[PDB]
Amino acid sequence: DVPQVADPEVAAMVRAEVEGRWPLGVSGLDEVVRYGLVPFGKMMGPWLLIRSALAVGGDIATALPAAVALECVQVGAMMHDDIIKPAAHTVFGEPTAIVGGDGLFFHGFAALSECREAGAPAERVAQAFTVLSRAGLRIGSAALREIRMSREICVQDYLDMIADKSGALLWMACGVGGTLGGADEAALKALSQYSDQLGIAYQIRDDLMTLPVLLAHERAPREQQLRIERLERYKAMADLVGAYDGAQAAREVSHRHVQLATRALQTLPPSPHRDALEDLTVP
């Protein structure tokens, strides 16, 4: 049983590339950009893009600046999210954090533009910007609806949001990576279902630390349902979830979507990259 391709060190090259672009000691706008970037963390977003690009037969030289783009767009969305680690608006003032987050967004767009010079045909580069933008609108929508849905009961409406919260974030990676790798339409649809399903499983894992409340609210007698609809307040919530096995039921919903994620992957060619994408579903 011999793999036919290499399995590169995908995390270390992305870190070195991001730090190389915004090294210690930058000033001006690069200073605010870097504050958002550092400490780097694992960068599972960028690593995901490179694996998805390589899973379909792509080049690292194309995938690497797209991964940086994905890094910048995500950190800028986080820098703006804090306004609405010490927070950048805390550190520099709220106005500077706005320009900074925009600088991170536009560094994303500029780095994704390098894909042409890196070797990608202009038609794929435009299709990559289309994927990036549409997933960007999904991540923004769910963030807003998260605010308008809070303090009120939603089961499907919660699931849509977390797909646009977590799955669109994964699809920004997988769709741009797959697009830059030259994926055909069946592989891109496979990567999108993988992103949506794994994003759902990821968010429920966060809920488990919310879906349990809705699973608990769903199962409760009407006397308690009217109590949950109305609802120290955390501990009363944890009481009703425990009473109606809300946390266990949430685990069973999440475990079903993990399997639809590993199912979706089997469309991809067998490779060390597909196996890593499967590996990312395990806790």
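Rigid core: the largest C-alpha set superposing within 1.5 Å between the two forms. Numbering follows the first chain given and starts at 1. Compared with the form deposited in another entry:
- Only one entry in 258, 220, 250, 43 has its C-alpha moved by 2 angstroms or more between these two forms when the rigid core is superposed, and that entry is 43.
- For residue 53, a C-alpha deviation below 2 angstroms is recorded between these two forms after rigid-core alignment.
- Core-aligned CA deviation for residue 149 between these two forms: less than 2 Å.
- Comparing the forms between these two forms on their rigid core, the Cα displacement of residue 161 stays under 2 Å.
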Contents of the next structure:
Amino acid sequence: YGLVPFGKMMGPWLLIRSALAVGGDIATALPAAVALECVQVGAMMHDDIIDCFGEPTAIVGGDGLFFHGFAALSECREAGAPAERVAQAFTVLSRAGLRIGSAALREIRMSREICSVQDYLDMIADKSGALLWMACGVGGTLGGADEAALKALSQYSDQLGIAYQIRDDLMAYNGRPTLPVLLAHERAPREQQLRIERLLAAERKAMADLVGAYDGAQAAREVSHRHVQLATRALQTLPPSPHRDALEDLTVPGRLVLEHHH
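To complete the pair, please output the form deposited in another entry; the form deposited in one PDB entry was given just before.
Shown next is a single chain and nothing more.
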């Protein structure tokens, strides 16, 4: 409850709150949100292909939206943004996309086999954590954030992304690895590990039966809560403000499953 869950956990609210939390001006964050919208939608259109509306539009339109974001981000100077901060925003935004691309590649190469828990955690921190850091890193940078603040938002972004990707793995209760299955692997004797591995390697409703038979779902929840605490810890570096409060609640499932559908 608290602030009622709204669904669709995206950058516009993360970016604007991040900018204002460090002392930024709304006049820059508003057009920046339009810039971030473009890049995130473009990342969406590409994600829709790799997990298999028109193929040219999905690819080129996703590409074009990357350009819209960077163009609109640069155009924020006419709104009043200092050019030095905007320049750093380019560096922030660019490295985030590199993490998203690197992670998706691992998504393709990891499927149908067990990876280490840490490997999975690093992957999603770049897959979904960078998606949020695109909002926080750009917002904070445009807001004038200190290096400690930007690093704070970085931890907050990563830890929040890990948590919510886990919470999406929990909905189920390619053979791609999820944390519940991976933590079930850790507890199991070799006899039960072998079963988990052959299944990753419609009818295979089967996987649900063996997951439930071996406590897959339960395992990941506590991991999710651990990262929720680290994200809230990171925010405390920031000065107290209503903006910092708004960021803290987003660790507890602050929006609906509709966010994972969004």
